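One chain follows as structure tokens, the form deposited without nicotinamide-adenine-dinucleotide (NAD).
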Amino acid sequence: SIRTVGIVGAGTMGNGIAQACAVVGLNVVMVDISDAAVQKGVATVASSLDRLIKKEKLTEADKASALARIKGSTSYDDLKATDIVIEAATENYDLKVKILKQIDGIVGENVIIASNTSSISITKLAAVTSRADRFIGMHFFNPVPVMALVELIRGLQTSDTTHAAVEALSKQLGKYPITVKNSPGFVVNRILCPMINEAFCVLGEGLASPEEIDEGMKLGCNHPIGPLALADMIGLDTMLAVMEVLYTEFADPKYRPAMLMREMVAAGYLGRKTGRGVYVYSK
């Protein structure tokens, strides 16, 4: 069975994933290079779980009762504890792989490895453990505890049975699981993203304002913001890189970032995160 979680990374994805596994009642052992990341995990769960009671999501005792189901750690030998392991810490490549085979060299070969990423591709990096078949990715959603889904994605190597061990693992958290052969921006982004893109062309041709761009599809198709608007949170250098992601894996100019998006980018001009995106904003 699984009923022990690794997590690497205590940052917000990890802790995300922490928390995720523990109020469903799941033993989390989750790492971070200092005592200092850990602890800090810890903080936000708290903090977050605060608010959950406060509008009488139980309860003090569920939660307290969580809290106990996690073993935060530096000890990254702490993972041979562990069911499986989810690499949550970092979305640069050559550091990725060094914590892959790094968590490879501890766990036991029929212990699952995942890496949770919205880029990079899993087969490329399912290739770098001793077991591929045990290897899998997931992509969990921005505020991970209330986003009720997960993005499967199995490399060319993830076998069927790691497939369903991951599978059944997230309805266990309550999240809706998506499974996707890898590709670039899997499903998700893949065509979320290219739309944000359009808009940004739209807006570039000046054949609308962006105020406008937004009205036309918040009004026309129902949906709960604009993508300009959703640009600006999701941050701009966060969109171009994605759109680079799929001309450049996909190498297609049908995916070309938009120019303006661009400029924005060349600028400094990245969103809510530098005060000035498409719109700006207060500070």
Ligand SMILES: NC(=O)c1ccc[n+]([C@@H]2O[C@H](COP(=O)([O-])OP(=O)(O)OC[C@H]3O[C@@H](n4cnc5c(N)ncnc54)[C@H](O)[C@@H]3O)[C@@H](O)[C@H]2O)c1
Given for the second form:
There are 2 protein chains.
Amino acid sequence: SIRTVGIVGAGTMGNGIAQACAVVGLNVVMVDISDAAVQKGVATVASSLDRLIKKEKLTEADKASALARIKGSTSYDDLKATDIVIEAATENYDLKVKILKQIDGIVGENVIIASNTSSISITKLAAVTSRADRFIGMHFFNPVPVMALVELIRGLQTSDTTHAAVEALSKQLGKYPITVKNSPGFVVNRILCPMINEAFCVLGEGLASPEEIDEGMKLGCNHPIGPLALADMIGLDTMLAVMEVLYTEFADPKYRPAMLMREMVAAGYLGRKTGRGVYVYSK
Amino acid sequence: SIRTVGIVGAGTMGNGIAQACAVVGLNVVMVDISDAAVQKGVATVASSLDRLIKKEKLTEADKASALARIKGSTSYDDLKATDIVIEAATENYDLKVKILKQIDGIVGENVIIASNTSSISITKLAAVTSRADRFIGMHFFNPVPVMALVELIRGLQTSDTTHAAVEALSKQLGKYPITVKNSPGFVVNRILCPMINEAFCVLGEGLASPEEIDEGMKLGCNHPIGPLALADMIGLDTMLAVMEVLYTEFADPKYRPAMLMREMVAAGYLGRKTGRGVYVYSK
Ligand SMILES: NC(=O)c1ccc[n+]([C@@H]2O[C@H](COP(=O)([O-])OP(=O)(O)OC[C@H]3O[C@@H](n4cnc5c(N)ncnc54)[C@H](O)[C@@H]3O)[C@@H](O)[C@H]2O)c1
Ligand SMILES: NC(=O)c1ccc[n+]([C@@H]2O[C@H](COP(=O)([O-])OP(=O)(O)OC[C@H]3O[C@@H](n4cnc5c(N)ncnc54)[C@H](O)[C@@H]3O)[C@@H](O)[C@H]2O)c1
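Could you present the same protein in the form solved in complex with nicotinamide-adenine-dinucleotide (NAD), rather than the form deposited without nicotinamide-adenine-dinucleotide (NAD) shown above?
Every component of the complex follows; first up is the chain already shown.
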């Protein structure tokens, strides 16, 4: 049984997960490095909950009822309390390793250790823990409370039992889990991101205007957002880096980053987060 | 002014266009090779119109009012009547050429000749007519009455005037036109179809189940349909052929068809149209 979920990292993704567990009545032990980071974690869960109140989504008593289940710590031994720990602090490799080893040292042999990540090899991480068969990848989606799926990524070592447990936890949290063998871009980024890249290739070659490329794809394929606009939301620096990973990990030019993508990144035109990428934004 | 539109071909796409012109009060001269094909063209416009009646979309009098404007011929000299002729009979090259030359012979020098096509080089076709600057590509979308966009594809020769006229005609028909320099896959198929191909690559490599790949993309990127399901609707034979065109026309393995795609095609598992492709269907 998994009634208590360890969480390391209390940022966007961390509360994300904590909330998702808590509104289901699971006990979360959320760990960060200050008291500032922890409570600030608790503020966005409160604020988010307060938004749900205000559009007739259940309810005042549950807002209260979820939060009680969140034990927000700063010491790391609190995770002996826990059925499973999810790391969710960093896309930095060396740092990620450290965190997982520290986690590996505290919790008992049979506890499952997961790591949220978009790009990092789940197999390589699993190998740094003393029980690799108890390790598995998760990838949650970027507004976590509402987004109804998770990629569950098996390292080469991830056992079937580790898999079914997390698979069930995910279904519990009310998400549809997707199982994927560890592979660059897993499933989602693997197919989506080279499409974004092809849009840049089209824009790069002068074939059409951006706006028209984007309308092409909205109206033609009934995509909610156009790939260029979407790139501007994700971050072209985030896009370029995914493509560089595909190209490096596969060692195959099929995944060349688009050149215009490289140029915008070099220039600092990174999308909405700098006010300019493919399109210009208001600031 | 463009008040009378030539149409060669009275199949799915042909009526498609005719209707779209007629419900706007444009005079269509629709030409096919039998009287069977012509009237059968007129039947699907009637049937489609009768569906619109039945969901409170205007109206009995307009159903009547559109049809009057459709002059359905079988002789080819009827197209001297016309401001512009759109070919819409065939994706066969040699045949396409013939039709356009025949059309080129009838109509006057200043009449615009277009060709609907997903894959055929608009430049190469424009070159077979005596006035290439009066030639342009269209690509309409596959349920034409409702689909609100057209790709407008300039051959190297297409003049600006030819372009603006058709651009305006398109806006008239109530569609958003997309302008594209002639290039394999234009814009839409160029970015969409290699994404479908990447899904097959993922399925091909054993990374995930189809259903999960498809859910990955629906829920993750809010795509209406999943790429594999979509491939099953388009036809895997139609998919493979688009990829083969990309690979052949660019002469670049970046667009390798996925191997699983090749195998399903070789096997006859072509999607919904044979009852089996990626998934199995009821027949
Ligand atoms: N946000 C995204 O774009 C995104 C998308 C998919 C996956 N991810 C994954 O999730 C991770 C977390 O991203 P986020 O959006 O929550 O970041 P964020 O900037 O919102 O917050 C990161 C949090 O991690 C904490 N942290 C850093 N080092 C730590 C340590 N040694 N121990 C405990 N906590 C530590 C920080 O104090 C901070 O509160 C990413 O690094 C990435 O691996 C992120
Ligand atoms: N349907 C699609 O999947 C699709 C999608 C995009 C573009 N297109 C383009 O549009 C073309 C038409 O496809 P469709 O779906 O209307 O086909 P269809 O099978 O519904 O009908 C084709 C029609 O063209 C007519 N035709 C054939 N040869 C002719 C000639 N020499 N003169 C006059 N008419 C002739 C036939 O009699 C028939 O009525 C395709 O070949 C392709 O170039 C098709």
